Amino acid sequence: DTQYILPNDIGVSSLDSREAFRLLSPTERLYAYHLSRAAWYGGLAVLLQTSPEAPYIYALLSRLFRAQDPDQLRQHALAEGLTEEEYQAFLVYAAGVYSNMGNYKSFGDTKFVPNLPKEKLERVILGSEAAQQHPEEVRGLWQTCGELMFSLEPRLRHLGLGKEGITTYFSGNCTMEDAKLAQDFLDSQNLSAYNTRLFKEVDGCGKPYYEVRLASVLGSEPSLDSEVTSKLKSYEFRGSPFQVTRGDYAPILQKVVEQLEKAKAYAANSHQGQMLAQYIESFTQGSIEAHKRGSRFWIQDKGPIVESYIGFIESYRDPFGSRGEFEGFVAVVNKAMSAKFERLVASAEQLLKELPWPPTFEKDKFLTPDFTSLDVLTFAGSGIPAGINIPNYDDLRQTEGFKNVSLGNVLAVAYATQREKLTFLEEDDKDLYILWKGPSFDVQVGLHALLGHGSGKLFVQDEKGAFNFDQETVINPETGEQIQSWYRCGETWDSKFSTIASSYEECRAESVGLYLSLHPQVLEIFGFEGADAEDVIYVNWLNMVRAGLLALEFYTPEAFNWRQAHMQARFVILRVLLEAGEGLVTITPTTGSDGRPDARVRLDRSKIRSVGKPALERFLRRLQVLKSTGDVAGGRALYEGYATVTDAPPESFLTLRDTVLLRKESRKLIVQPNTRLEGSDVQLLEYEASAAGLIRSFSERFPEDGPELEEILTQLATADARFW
């Protein structure tokens, strides 16, 4: 029962962005203001992309804390018979639903419910101030999402397709087969899935009618553009009728383009103004092509003061793994920290040569990638990462280039751990861990994006029998014969690997990071060159091994399914270094000070280069070979081979899993600042590092459209209620 529950004393931290914001000029602040607003508007779309009840839950809480702040509500809640412990349980839950934009954890895809009796919360909500101003709206909301807010039925606990899970990227009656069928339909029409959803309905006959709905401001009405309009029709695909519609998240996206236009007025240069014009095109029409062209302009704007990106980008939470979750961020460049990353780019092309795979599997042309350290002012969406490689359009990654980003002030929050909190470690390891995990993470994050995601060439064939590579000269180094597999027209990385695409690529990126972290030159770029360099390496690997063990929390044993892509990647890497044997990694079941079941992680420092590196190189070379040729069947057999969780000796993971769950530590919530505009001045509003502080950060997040946004999210959820 500890699962599906956010602990009262869950950690909360705020972002250090006060100083970064002060550096900006009066115009750049107006540029960052509207971009941030656009992001937060679009962030609400995640509610519709999470759970059926998430829009209702957000709207219900947004009405509560609008009338009564967390301290005003406290007096009311305690007067109704709730203990202070039970009230804090509600604040944490609300702060949870806010920081994830849904009642499911973005990192774990797990449902969480309030930690208090259902009837006690009913008394608080139905007896509140917002319930006496708009009783019709409040009581309605409570009768709609009341049971679902607390219901922990097995089918509701996790995100997923079929009867066994919950997802709003699809309808309730959808299964994996419907997703694969729809995917082939999209590849054949050359229509991207990044901003689409799939709905399978049935007529009075029982014959399933599939509907693909693109996300856009404009609806069924005709517009000027025809690149999307000429696709809005009915189809006949393998005996199954397909309909391509749009207008998804229309009122929300309408608010988004409003702020994108206003931001274009304060645009720095021409590229920033053209990319926003295309983003407006993509959100108004529903054109990923418009987004692709906008992203193309975005890569051209190198070293900007106010970096930004927005749209349906990442596909982690899509059960099939091709549909994008809406996000967007505004950040100020940290020219101080970014000095360490541009020297890495200076020798980046060099480091790509010492990678395990032959130079025929690397991008033929190496464009200089823009790598900058950023201080985040705003990151809308489900959660916040440490670093990002963008865009995810593979054709752009080998044409115009790409941008690497390390979030400076986000790493600052992560750089916080107590000695007793560190689990599955020996006492002598704890010291080196605390001392070096900070610098070691910068090492990993840098290689993860630049030389990890930023490397690798995909084999593509055009309409004619011509390839972007010489067919007669390229040899598969794992087979011996020439290449017999490639990406056809319209096929992308995600469309072919689907349900493991996200995990597979991060694992390839993670392994690259570990691999190239052994290079004394790379460490010199950050500045270590010595025994301190040796320690960073040991920590970078010990962290990886320990993460692999901790990853067992995000595995569901009954469905044989991984819920988090990055953690599945590290468990794979963990098993790769256990397959290598030679006493490199050992996991031993022990007993802690409290007497509860425990475990220990031991890693041999001297055998990292003699046993670890060659084992990782073999694994690293196989990954890229199967990615470039696009060999799914083999790619799956390899990755899902090491991603298999069984309690086979000597590790016995299923038994260790309970130990991990028993002693697990929830990740901390993050409070983000706000920007307010009075006359011509742009001020920065900061908040408390608390649950109540986080709630206040959202109550003042929409000053104008408070009541209106709650109205939009409500009716948008009401229309599609039939699907679930």
Second form
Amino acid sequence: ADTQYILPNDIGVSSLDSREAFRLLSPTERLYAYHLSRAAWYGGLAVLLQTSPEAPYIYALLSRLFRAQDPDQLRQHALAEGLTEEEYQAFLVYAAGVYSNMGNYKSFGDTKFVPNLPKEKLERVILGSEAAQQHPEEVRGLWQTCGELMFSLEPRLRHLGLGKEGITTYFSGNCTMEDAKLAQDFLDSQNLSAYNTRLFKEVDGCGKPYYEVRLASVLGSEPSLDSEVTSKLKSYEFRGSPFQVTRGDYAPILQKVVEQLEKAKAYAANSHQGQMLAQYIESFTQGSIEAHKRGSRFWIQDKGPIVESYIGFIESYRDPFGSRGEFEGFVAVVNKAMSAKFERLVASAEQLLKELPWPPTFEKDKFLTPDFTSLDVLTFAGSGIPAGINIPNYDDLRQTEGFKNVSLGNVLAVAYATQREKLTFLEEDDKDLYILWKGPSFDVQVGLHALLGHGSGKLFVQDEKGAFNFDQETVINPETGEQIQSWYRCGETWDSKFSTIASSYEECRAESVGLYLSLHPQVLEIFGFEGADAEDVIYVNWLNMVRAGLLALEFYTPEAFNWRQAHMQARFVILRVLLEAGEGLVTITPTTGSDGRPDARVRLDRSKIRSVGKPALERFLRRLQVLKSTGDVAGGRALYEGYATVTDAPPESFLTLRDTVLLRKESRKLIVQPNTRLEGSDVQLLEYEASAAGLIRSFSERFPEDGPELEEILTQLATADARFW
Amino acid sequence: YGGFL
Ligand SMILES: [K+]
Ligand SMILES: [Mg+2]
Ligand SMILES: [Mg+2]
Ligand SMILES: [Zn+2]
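Could the form solved in complex with the partner chain be given as well, to go with the form deposited without the partner chain?
What follows is the whole complex; the chain from before opens it.
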């Protein structure tokens, strides 16, 4: 068992396998990947600022510490100061946690984690460290500032979120959901994207709140060559509230980023790569999302590159309101062999879309030749590494230019490690099938999730004039039978309208498409299973889905009635949909484990998957798309938040089950990533041990040129914003 | 859109 809000000493650590991918790269491609990786790792540091008030200080402190003394050197100091090996290991694991999450909160669960050792003992180590002897003011200053928050588990600090009972740095501490809604309405009214923005509320002597919308850029208030953004840099009045649009957020960090983007542009393989980089540079320098969208368009047109990459404020999972983006950047190498199955999935893609439970009027008008590749990651900077990505997120680009589907092969391999001892909530005979088919069924689900999942669906949009992108005269809502009553307007996006459930809603729809189309005998041939093998993959994919729905309860907060992770919430919903169908399709039974502790069992009648499960899923999937397409947020919330409701109602009694899920939960593994170094001419790949110490070393060697400078930059930016929290 | 697990 393991306590909430701490990382266990025996937490799994896996090293990313990137040697063979890197070895295939030409000298030019290596220099390209080198600078892009540097750009990504630089930008990843901003996530610390986007996580918690104390995160940038903690990184700065750990960085100083391990720069003067590596894990084996520090051990000799720490053990001489009274720490046991167990206590030192807890600190190593904590440091690795902060590094891998770019913050002292889990990227997967948004929960705080603290060092599993006495604070006073850790103080002796830090204050007596070699880093402390060399820079006593800096180290004591850092410890004084972030020491308490490093350990504090006060209830309001335990989870990320808006309001008084949660921590967020996307907003000032005094901001609530009301403030976010107001800010979003303002942003939409000015056609300004929330992706690269943060919101700060300050009051005067009269208590009247003033709002600051701050954009992320190198440039500040000073005049620049750009006019599209600088013209927005002014004061506004919106529904009685003062609004000021500023920029300069993470400026010296983004300055490092564009330096490496510029250097990468010297090694671009084609004009599409050169142009997309110049636009990203414009985006990060000026604070223009329009510039980033232009870059994304050029990126989509760069088909099948050897070195694939993307960077910026992309995903909006961590923003409590759900519109602001967290910085991420990745560099990956194309895997020709593993891209085969996904490219033939493209061949039958347009056909399979017609098998989806909604009319073609609710589907994209012009079908675009989709891009689906399997890649090997060299760098994935930010709060975490996904198994697959579907990008860009700009919906207008999605329905005019296209989008890229990416499966991260060497990331998937890390997830393909599950001992049958850890396979909880399954009877014996189901475990065997699970081990055999979890791998292939994932490729199926991920494939459909990406291409036909996120890639399907049309948004009904009315422009500035009364013209629609759909035939409002003949298009009929299949659920109501009436003509289309609601749609998206100018300035409105998926995130802007559905806000807090936008991410989870869409992941649920995507997962449903995958689960739904996994019953198709033809899709089980593109991946090539064909027989009972194909049938087995079906059952396992459905058994894994309903098991994950139970496991999802770890990421629900009863006191706040709040889901903390979009994908897990999505999988719980699907469990609820299948449970709603009744007729003995899926049952959850509270049992007792061999260790005498509370347990549970998930039973799935495989015979009733097609007769009961599919019709229930088909109906659910249809309702999801209709409400999404029509932008029916009220209906969308009523449906989704209804299934996402967690109660101790019989017979399932989920609240009771949750306590069992927490009891037997398994901590997600930490992933160590390699480094690339320049030997003047040649680029070398540096690899590290699959351990906490190894992960620490990988970051210790990650910024050889300007490590101490980044420490000071993060400290400076944090201190400037200290009043907000 | 990212895909975890
Ligand atoms: K979102
Ligand atoms: Mg808060
Ligand atoms: Mg992480
Ligand atoms: Zn997804």
